[PDB]
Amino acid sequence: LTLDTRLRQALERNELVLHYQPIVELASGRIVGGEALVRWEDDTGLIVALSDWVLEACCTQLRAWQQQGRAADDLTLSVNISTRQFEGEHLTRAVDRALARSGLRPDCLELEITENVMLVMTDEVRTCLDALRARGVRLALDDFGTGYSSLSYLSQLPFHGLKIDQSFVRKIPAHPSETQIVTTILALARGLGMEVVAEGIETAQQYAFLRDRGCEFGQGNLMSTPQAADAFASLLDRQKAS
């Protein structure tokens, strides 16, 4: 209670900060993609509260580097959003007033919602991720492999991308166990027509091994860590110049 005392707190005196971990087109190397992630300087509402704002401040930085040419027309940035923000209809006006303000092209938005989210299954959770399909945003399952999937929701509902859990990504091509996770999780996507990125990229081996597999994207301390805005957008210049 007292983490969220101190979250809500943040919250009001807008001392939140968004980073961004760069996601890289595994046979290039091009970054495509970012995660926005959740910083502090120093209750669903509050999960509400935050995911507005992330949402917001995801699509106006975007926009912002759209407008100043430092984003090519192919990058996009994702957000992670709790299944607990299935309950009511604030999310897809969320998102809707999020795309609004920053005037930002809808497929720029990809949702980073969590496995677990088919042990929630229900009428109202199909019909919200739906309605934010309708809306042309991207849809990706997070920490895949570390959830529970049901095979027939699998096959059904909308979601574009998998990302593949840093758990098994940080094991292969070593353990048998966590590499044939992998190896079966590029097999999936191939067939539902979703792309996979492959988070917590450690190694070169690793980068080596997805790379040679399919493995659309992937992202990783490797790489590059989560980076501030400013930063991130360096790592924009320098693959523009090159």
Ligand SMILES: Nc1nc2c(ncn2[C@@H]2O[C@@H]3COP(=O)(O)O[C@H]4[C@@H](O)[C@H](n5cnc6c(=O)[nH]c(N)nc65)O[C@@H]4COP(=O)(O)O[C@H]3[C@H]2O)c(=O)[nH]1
Contents of the next structure:
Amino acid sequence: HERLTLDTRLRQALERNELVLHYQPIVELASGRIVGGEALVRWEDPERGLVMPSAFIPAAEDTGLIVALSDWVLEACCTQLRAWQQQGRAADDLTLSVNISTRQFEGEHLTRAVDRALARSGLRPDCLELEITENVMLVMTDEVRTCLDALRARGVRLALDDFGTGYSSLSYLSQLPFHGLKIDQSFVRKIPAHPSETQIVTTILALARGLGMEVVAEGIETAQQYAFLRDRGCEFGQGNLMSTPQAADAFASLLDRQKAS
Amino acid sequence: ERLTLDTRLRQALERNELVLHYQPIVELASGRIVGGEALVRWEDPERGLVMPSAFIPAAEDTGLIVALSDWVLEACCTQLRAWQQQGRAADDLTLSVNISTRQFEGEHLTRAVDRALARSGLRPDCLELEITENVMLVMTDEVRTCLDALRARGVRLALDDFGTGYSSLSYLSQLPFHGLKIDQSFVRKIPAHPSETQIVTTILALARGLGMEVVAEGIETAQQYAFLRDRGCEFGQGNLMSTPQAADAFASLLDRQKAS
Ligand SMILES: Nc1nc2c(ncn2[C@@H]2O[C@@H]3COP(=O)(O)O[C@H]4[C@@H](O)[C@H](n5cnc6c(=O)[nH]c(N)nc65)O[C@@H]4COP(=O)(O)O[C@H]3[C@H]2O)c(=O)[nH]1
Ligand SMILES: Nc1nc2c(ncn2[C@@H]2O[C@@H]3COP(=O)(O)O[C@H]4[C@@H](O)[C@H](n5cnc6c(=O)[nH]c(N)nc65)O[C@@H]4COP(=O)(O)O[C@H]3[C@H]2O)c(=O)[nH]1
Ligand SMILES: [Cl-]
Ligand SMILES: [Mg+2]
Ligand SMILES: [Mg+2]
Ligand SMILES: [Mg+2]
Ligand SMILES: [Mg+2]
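Given the form solved without the ligand, corresponding form solved in complex with the ligand:
In what comes next, the whole complex appears, and the chain from above leads the way.
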């Protein structure tokens, strides 16, 4: 009942272009350089103010609205990176990643939507990177397998988001074309004081090395977490310590100050 | 007018027609037999030695698996106790028993282990339980309670068929599984097949990262044994070393190694 209207309103937000993207710097931990940014959607509701994804993403995942919204995110994100490139603000090494739902494999619609967004923005494919939950391994059909290959063949990097909090098939993990793992922030938050979460993080790092995958740690909140991750060979990180998610202009501000150095 | 497999299986229990074979588990570094996996068979008067694949799946559909696993637990524990008592089992010998996920309904597993240890007098320490990897997809309070209970007793637990199912990293770090068993389907293909080899390499790295022991199942060749030994895989099981053996033939294996 109250859920149906949550969906309806979200649909109207797509209708009226009331979504906005913020971007969180992804950082090379050794050098401090911003080398990437995660696109994160927000809903500027003219009634409720800025509404956060955890309030609407999971419901949209259920009703199938996640697809239309994710088409919008893909387009806006590609356009924005291309705009920054054309304006001389993004260095050549900068990418942006977008969160994808498993609902997007249905009828191979993912491939088509990535292609439309790249074609319309004129963004280079390897500038875009996609992030999906581990749980995609639970729904591994020929259909899903086909999209993974399509994206590899385009150079669009795929990463596993929230790694450690889902279910992985160890055989699939070893076979499929994922290029990166993101250590979930719930483990990062607890290092180095908690053994269980600490050894989870070091195992992930060891898995990634053997699998030829890059690792991004999410949710770095302290100097201590930063130093441990770096000292142990975690390449990249994302967290409020360095920068919260930023509006476009403020993200691009960080780009500008980095170029000056 | 043949009897249903179900009737004939009830009758096998009633007439003591089931039997256990034991496959040695070997410490790769030294080649010493340090355990053995109990594997059930049906010595069926109409057919001879019938493998678990021809009745265990049927018993799982009907709930007769419960009664049947109770038999197995008890026979397995009884047997290790006999060998200990005859002086033939070393202090370090354990035996493992495959447990179906079905045995968790109503916390039956806890009771069935208590009863089998109480009947045989076997120290809980000497018994290991193997549960298929996919127990992690049905991980309820109920299941988490049997496992914590069993670990507290001192019963070792291992994840069987590993790599053919699904795992949560956070569970593996939190659940009381001391070890995992790399599935036979991956091992018999290494290193010739690069895909199954990568799967084994990944699994080894997973286990090492989490401080879990590894049994490689299905070692068929010397090259496979050296591949695993060199990569720190601690334990192995497979036809290269020894096929499943009847109790007496197993007992002779222990006698031979004891005579060093
Ligand atoms: N406490 C703390 N949090 C930090 C820190 N650093 C980053 N985060 C937060 O972690 C979330 C980013 O990771 P996510 O796993 O993709 O998690 C995302 C993602 O699963 C989903 N989501 C967001 N945008 C999209 C989207 O455009 N499409 C889809 N399908 N899902 C999205 O919503 C989730 C939550 O998004 P946000 O609320 O923006 O929350 C963001 C971000 O603000 C830190 O140091 N401390
Ligand atoms: N190709 C190959 N195979 C090898 C090798 N070494 C051992 N094996 C086989 O692998 C099976 C034992 O591993 P499992 O994954 O527990 O697989 C078991 C287990 O899941 C189930 N099972 C066996 N005994 C019991 C039992 O007492 N209770 C329950 N619930 N299930 C059982 O039936 C499955 C099949 O058992 P078995 O037919 O005895 O088949 C045995 C054994 O004969 C090798 O070098 N190469
Ligand atoms: Cl004793
Ligand atoms: Mg993400
Ligand atoms: Mg995440
Ligand atoms: Mg087994
Ligand atoms: Mg197995």
